[PDB]
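Only one chain comes next, encoded as structure tokens, the form solved without the ligand.
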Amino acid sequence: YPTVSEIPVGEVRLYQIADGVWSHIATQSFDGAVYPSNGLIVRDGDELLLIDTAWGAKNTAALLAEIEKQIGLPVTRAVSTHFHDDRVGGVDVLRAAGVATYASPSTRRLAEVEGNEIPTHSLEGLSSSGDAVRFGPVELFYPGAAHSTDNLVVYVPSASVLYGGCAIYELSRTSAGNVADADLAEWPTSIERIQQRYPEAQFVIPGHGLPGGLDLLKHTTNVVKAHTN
């Protein structure tokens, strides 16, 4: 799996998880440190569904160029998993390239309030914790508030791949990240809903860092509870 060792700042690498399923990894520089951020790419026939930008116009343009070079299939739809700039930043680049950008109404409202880029299309049917909707080759799930009140997770049933965005932490992260917008009280319950819905998941992608198995869910609850206390 690519780490910041192999990815310069402003560059994007793809990692093929299964037939028609990739993660995208971008090296982000923020507040003195650098870390890798993950998103997802899922093939849907002869088109691609993108989950999350690469954080910013420049990185997301690099993401599209890397997809064009490595995969050569068009990104026709994108979903942002919550409203923060790292997940919607670059939506304008996607839109200018002809990608239909999507987010829940909650994510769109919060992005607007924050002054962030706003996906054009609305994902209906995700307003209540435990709501799930099918979206092409993935299921979108609103597990409840966690890293943010609007955070979605994404499951690829064909590959048993679960992408958690920033609701799921990598094992090397043993303290809470940015939780300014988090619901610490609900986060463990929201993780339980993820566990209850996708107990068959084989490949779990955290928002940042190395993928793992379903124990990343317990890891995240451990870290969240330790921060709560």
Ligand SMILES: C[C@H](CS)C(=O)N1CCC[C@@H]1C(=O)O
Second form
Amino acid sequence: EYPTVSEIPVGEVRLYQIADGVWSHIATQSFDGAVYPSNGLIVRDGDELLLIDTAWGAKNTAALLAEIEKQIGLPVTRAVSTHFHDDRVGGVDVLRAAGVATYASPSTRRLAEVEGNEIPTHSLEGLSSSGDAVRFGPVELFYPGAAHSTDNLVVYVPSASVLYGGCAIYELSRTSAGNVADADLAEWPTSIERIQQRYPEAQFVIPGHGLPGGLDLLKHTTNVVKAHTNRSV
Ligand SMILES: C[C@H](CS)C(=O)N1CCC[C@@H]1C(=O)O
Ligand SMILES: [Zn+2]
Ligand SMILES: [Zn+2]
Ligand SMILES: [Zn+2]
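Show the same protein again, this time as the form deposited with the ligand bound rather than the form solved without the ligand.
Below: every chain and molecule of the assembly, starting with the one above.
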């Protein structure tokens, strides 16, 4: 029942209810002739919504806000981008123009600036050291260490036992490394273990791209990352 890339035309966004007060949002983008899905999260924050990640671009993110307005009907007041890439910050300007307070760690903001990407307005303190966690309303933000990127954050919704891994966690169907241009391959397995150690009770694990699963996604990602690490030249 989870929306797949073939079921979402580019420019459209689907919402998927994971648990009470927790949705993922699913959008698509074309890249090199293939179409990829991308996930973010929406978490009910009292009578407001906390958004995790843009929908990968300005058009998709406008569609995301319209879909939230139609389906949930609560204001998006804050958004957190979990790393500096365009599937996470692309659309920040759309969110900002709609009155959403946009947040990212100083690490993400610095890297987004270097990359020429959109830059969330607010800085999330307290996440600069591997293993750092901070509360952000109905979620915990966790910096597990460098993995898919040096700044990647994961997001845990304690009320729903939902772990949003972002692009540091691969879906099961991905059996070879994705975009690792900004990755810390040497640290990625250790960073994943930090996620496992902090959230062993997680019941739903949402990858940055593709189908949700359980904590099995963590060891799966480690296996794929290690296989890529050992690629023979
Ligand atoms: C824009 C995102 C950032 S994780 C990205 O690098 N991806 C995911 C796979 C396809 C696309 C790319 O390779 O550009
Ligand atoms: Zn990325
Ligand atoms: Zn990604
Ligand atoms: Zn696997």
